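First, one chain by itself: the form solved without the ligand, in structure tokens.
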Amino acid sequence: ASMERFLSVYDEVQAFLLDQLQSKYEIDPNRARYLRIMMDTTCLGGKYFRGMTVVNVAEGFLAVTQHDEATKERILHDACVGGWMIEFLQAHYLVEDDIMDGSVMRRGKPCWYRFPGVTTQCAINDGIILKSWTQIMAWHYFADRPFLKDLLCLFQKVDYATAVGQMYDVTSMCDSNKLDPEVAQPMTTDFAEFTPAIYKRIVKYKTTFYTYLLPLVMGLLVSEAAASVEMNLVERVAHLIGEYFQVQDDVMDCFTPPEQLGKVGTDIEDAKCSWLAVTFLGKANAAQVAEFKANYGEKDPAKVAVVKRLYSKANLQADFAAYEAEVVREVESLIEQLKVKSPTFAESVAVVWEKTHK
């Protein structure tokens, strides 16, 4: 099974990293144990969607390409390692974003920095280590691979894009013209920057590059198949599926009970430029906009309840269904275009869409 190989490689990668800390970085056993627990707590327990996308893309090409058995095994091992690079990159983001946002829970468990023996003082550095481990992995496992340079270059550009996206995200409730390191940032009062275009830019950089583009292209690279596809189509379809992913996340933040969500959603309190706020402001009458402005972005539970009420009364299910229908058209169109050069890869993308959509 794909999952079974993927999880076995985690054990191998963990052992390599911790053994190297002992043999080359002079680490002692208690700190090795701390880092092992940190790695498990921050990297394990999700769905491994991103990492497994690398594996699944690679498996698709193995099914139609002649290889020695040892080569099949090496490609699958490379896909697993590259998948864990992305999972560790996500772990880095989640650790640091939870600190930056003051989040409380993540996947039914306390955020890493809130563990009693961690604290922010250690957790910021723990998140730095998680990202450094992605590079240690690559240089060790891919040292002699022909895709090493392309993979490292891709990884770093996606990582940079994601940090730029985090800036877009955490500043999305400020007026751009008032941004200034010397002046404490007030929340917007006109919400003029709550537009579809601006929302799409947040999501594209914050989410879609590392969640959809990177796993797909990494699967191509470890398969030596990047010339088998039109890269502009891979970008466009990743952008599309990633945006749909984030729209779903945004809806759930407001409307999924905390036990199922795994956290208490705070997008309203945090004044996020979410799909609900943008779409509501694309629909609302004057009265409703005024009420939204009077209540959005405040921890006060009665104000949050007014915003959720406005959202419920706004029939945003209709907008979501129409958004979803348009995304189905465009994603299907792009999958069709991908078949011109690689039916195999087009099928992998169809699977990524089906897992995202349904």
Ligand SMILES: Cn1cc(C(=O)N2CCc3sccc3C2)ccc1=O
Second form
Protein chains: 2
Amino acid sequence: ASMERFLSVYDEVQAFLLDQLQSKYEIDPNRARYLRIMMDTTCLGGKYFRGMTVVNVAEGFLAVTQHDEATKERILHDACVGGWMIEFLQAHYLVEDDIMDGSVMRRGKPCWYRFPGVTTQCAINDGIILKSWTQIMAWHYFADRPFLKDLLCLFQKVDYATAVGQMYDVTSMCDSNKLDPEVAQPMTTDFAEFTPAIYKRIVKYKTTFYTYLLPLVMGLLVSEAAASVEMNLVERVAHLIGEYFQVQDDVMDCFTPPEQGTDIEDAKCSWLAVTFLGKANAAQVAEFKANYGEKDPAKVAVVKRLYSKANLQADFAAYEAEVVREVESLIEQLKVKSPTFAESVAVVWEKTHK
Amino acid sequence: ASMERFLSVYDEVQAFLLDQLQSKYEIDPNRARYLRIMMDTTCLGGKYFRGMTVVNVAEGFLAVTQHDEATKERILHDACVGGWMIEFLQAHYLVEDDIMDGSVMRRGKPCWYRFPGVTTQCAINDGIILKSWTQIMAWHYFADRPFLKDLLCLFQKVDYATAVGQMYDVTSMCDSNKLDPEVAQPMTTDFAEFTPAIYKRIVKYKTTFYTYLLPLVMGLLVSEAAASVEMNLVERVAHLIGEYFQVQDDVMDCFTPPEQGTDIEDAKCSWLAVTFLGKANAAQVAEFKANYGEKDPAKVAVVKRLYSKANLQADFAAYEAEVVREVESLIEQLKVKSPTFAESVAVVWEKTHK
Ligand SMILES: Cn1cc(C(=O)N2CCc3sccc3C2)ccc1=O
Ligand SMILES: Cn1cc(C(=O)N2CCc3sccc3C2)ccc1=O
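Having seen the form solved without the ligand, could you give me the form solved in complex with the ligand?
Now the complete complex, all chains and molecules, led by this one.
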């Protein structure tokens, strides 16, 4: 029912956005059709975990709070709209990051900019529109809601934290002291910045704010339940689950078959490179430096072989055990003020851990 | 004094943004330096007409309204911050549009993405940060202002109208009925969509909202003076002055020497192409179709020669006379409710017309 309600609200949001373009922005039907296809191609197809977390958090509070049926329906509708603002925000990131990174495929389909009738000229602007649409949704659907100011303020900080994260991510293969707009950026030779703390900073800002913090805090906001939680705990658990999620994506980029990654070629500061450097002997480090960040398949094969013989699964299982420990602890600390919210965080963890 | 105060506030805004990155976003000093150079290169160098209009509108109201000195200083400071949000919004557009259009130069300097240490990978994200910074400024400086909700709501609509305008602009050389993300877009052969009404729609959305409406309405908002005006008149005069401004830029793109344009090669729906088609005979139209939208300098020379022999200066002088007439009329209609605001619009017109 929740997924069914969530997908139904997409149809209503799309019709509202397209009809407003016609009545207020002088759009013609062909341009409305182009934007309709753009919206469907960039916003749909995923699993909707981010958007659905808003719905799941709100449903949790509905079960333990007294409301009229019309209030229950309004809260669910608000959780669905809020969920779609997050999915559209993600769509904005995916379109822009695919252009920035020169990506080829996204969810077994070509990246949006690669469609023949799209091109980078239109796709950069299509990504800008996707983010504008999140604000149009908020100002229209939440016009008279007491949580409107807090929701816009939170969405803004998360979006800015994400833009900051993308900057940390795309400059992670360069020496900080050499960053200069005037001079072409060489790849690092010492890899001195491939450390656990620097990797944690990249991940924290690039994904955790919008993938985990935003859905959980939006669920609280639409429920008028922000008092039922200690915000310092919500932030701590979101960054922690968020970090684990990225570590899984970094492992998959290298080892998950294409049908089911270019982090080595792009010389990314991945969990695999950081972990490898933290345990490798002098000769393994020299061989890593000689092969990393090269498009040559023979060199990518050497890096993968180094990762395979380094037994990084042991470090991953030890990292996983520590995260299980810390997540269980934070969930317990959340149970004090809100057993309902703690259960929502437990579900988020189960969906991440699986 | 006003320019001097405006430029002083840039230093304070830059220090606030960079210091917040350090204390809240874990930025290192090299990344802060990269963003400082990015901000200066993209936001400074222009004439600041957009930002300064906010200041000029507020100064106009200060002269006719009773306030304590501390209130006068706060209003001016608010007009300056609001002015810089517009300049940063423009910077965002210029960075993104230069990447989209493949532009080479911007204000006698290379476009931001073309700097050796920047690249498209960083520049798309730098443009996203420039827009995020406009929201950080608003939420920090206007946190407790009664105009905060209206200002954010207006800024959002203007930004979305601009994104819509960029879409109308980049798709203006294509047949509407052929727009399709699945099929590579051919240039128009009939030029049936190169009409005054279609050209007016492009211009209205791509520049007039952010160049003229936003500065004037922001000046009113920071002054708590939105009642002193008929908003339908403000919109009418902004779109009208805005249209005239773009017509001047379209003429300059073709005839102003590079030291002091690619609209012909990019097959843009410019005022020159629209006006030419509106008066040309059958053989002139055939010669236009045979040469427009081609990078070949011999073909660009034919188009320029057609424009020169078509006596478009006569049509420009007649368009100019009609705009002078309509602007004078709207200024008179504004004088009824606010002689102060009407004088601010008269100054905006004088700076545009010169
Ligand atoms: C590709 N993909 C992604 C996800 C995902 O976006 N996650 C993990 C779980 C949650 S719960 C709240 C947010 C998330 C983030 C889950 C399964 C999957 O196949
Ligand atoms: C390049 N350049 C631009 C401008 C400009 O941005 N305008 C024209 C006047 C006004 S007043 C309020 C907004 C505007 C817009 C003026 C002189 C110039 O050299």
